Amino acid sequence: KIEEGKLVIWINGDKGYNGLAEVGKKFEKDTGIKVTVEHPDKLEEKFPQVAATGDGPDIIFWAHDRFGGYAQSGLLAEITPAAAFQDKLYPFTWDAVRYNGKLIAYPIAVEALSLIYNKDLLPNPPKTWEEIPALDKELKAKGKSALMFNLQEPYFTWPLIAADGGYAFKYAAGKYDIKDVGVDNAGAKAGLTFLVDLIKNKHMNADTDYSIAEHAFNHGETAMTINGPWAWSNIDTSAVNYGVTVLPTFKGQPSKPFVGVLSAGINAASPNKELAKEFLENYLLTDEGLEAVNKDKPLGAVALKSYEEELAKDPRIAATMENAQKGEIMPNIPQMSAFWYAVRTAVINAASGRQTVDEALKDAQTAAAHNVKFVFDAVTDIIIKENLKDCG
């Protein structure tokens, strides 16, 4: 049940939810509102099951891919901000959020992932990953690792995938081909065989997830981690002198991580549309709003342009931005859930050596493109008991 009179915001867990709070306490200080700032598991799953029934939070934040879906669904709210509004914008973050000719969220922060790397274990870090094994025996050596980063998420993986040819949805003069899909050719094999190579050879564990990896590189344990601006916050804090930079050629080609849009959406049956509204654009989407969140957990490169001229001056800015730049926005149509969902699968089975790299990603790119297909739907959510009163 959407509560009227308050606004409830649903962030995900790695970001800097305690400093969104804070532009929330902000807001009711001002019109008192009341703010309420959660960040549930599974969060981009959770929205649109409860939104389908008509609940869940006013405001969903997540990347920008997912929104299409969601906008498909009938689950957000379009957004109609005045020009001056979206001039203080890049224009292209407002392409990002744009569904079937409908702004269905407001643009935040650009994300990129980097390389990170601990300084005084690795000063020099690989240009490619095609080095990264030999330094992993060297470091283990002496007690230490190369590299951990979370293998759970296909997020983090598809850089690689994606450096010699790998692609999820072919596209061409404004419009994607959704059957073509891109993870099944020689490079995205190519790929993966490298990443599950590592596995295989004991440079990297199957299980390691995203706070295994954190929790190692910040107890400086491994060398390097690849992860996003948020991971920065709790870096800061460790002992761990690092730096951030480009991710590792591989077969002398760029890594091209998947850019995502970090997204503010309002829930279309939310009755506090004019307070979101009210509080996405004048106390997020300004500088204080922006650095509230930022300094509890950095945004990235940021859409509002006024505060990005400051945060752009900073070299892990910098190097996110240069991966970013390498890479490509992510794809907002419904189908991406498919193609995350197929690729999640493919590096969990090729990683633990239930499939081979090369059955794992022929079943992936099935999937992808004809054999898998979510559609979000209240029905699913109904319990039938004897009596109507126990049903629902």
The other form holds:
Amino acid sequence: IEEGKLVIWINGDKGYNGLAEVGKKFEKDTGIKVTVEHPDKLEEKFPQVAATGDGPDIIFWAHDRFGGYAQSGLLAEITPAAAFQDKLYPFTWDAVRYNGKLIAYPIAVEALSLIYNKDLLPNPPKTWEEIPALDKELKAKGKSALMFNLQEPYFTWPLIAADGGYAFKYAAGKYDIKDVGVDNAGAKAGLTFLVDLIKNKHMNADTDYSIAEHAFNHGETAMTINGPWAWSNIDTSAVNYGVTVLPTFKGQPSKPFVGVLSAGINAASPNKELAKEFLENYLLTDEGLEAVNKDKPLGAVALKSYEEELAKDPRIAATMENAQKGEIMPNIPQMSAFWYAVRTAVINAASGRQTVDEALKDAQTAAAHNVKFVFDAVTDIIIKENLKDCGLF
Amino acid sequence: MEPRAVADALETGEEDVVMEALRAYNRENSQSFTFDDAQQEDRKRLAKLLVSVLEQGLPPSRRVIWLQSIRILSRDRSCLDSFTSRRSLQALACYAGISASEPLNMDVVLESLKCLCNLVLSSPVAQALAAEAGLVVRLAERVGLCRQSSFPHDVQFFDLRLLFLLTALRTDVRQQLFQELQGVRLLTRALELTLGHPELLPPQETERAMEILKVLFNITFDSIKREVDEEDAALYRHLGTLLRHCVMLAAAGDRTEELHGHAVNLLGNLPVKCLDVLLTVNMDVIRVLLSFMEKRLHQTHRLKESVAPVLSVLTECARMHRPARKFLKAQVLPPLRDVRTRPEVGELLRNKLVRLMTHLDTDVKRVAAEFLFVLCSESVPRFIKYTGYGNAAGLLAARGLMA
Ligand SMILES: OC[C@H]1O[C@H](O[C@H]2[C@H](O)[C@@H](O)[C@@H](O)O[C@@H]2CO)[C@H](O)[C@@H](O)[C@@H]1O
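Can you return the structure of this protein in the form solved in complex with the partner chain rather than the form deposited without the partner chain?
Every chain and every other molecule in the complex is listed next, the one we just looked at coming first.
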């Protein structure tokens, strides 16, 4: 890992080009080069390369993964002066608090919202139950009502948690490992409605992030569920869109998992002081955050002074309203195993491989024990191997 | 020819100078699969110029050359999203003759199928638009032409490859080929004609047969229910007979093992009752299946997918056919002389199969133990005698045979 440089990793759906602008300004004043990269499977790649002493100088991700990173000794302690800590909201400082120690700099609050096409759908629905009727009315013009990423549980979880589903119960001022609400009556009811949309052919089980984004941004589907990072591509497209509150399931609000984008410093980095100056004096300023927000919107930024310039944005207001009706993600190391189990459960329930009760039952056991059922059936291995044997021509 | 220069010719260039620019780029990069990140935006600009004319419609003069440039650029992840639009995928499907909506140039068809294979393989958006466009309908039909078709081997192979990619990646297309299009009957016919009873399968027929097997695996691995009718049973039995021929057949180019593996994997999806054709004493097929499995026991990282299908097939043959059960018992579990050496020690077949009974993978444990169990005629003390109690305990516990 090079010294005298700063290598930064941030997810590919974020403003990595905007972050490169902040690195240019950093090189202009100090003469230090800054490289921004967005590798695939970033949340898995960083543990494997940082545990060996490599990886980036600074790692960007939502706060939920940073506890497992800190528990493995992968993150260095950050030392923001009390004068700097007051420039950011305290609630975002909470999200990067692991064992009473600050492990990452918070950047911005994220939450899913209902994005809709004002031309195809001037009055967006307020409940999930009317979406089947709405998709019926929209199929008459070659369009559909709703499409969103069904390959990541983050996007399904708002419907799951609405009626009572939860991750780890917060009690006695702590998350307890063994209280998991993945297979209760509410999470079963939410996942069942999701599966019933797919059986009734209002949504396709194979829809991923890029398929959903492509459909909405080309005016094919009237609604999509996504976060602040997705507004730029909809701006660039010919779609006239609004960002509103998520629909209500069973008369209750959808509860999205609120994430706080955070920048962690690598323990193996020999530039822990340059990383501090870049994140405090360049990124977490009005100039640094605007450069990134101009690329892909961040949401409600942690820096007080610049959140004031964005708060009137009706899209930020809808992001916060959904954030208020949701739950701040835990950052316990068990979160990594929690997402792995719920990802398998959503896919299996949607694809019809398991029932709703089966998929959530297996996810509860794995999430309650911080274990990963790395199974894969024989027929699934054969297809994945036949696919892997196919190359380009 | 650099990407920026070739893109310049397409914009401000005469007909004869834009074709040479593409002609030279196709020569320099006909085998380019890695791309320099420096000229990334140059290639994306060139790719958007190629797609604009493709969406408008290419004149028949410059069609093979235009598609080859698109096929080369489709190998790059950065230029990928430029080619994955409805109009673009509709143009490629029309030029390939598989659009649902003019004579066909066989070179244009070949290049269009290759383009479609690249985009479908690489892009979920392309997979989604290909499902919407219903390409599988005309694809299966042309594949179903069989001896009625003078289509070249290349076109027939890339139809199957595109058929494999759609059915592997898209479950809606996979179910559409199985249910609406009756793909099992369609591909069983296509398999029957690709095989001809030659004692050696030529290289071309070997490629298409194995694609047919992999497509058949995609549409049968989780769609065939336990109880079928006699039409499906006669259909699956007939398909099983062709798989019996593959198991007994040799393939040119040292690909006989690759063909057998796909044949065995597809056998593992058929209804268990349809495996009787493997026997119609006469244990030539079982002997080949047994040594097929015996050679697969060396796989470590991919042991599961290598031995579970054939073991499951051997287990069902032994369970329903007494001469097969007894023949396999004589081959796998010969009568013991000295009962001192532990079953899980040694390099004999019985020793390799016993060690799998305590494998880490629960599928390998069940499949290996079930095999030796039925060879012991489901007798608990006979099962313990040959495999040892500690190794036998897993199966006996799962089946509630302790009491
Ligand atoms: O799907 C599970 C996934 O959810 C969250 O990931 C979000 C991320 O927070 C967003 O900023 C954006 O990148 O979308 C992601 C979902 O694809 C968790 O942060 C992540 O740990 C978890 O695996």
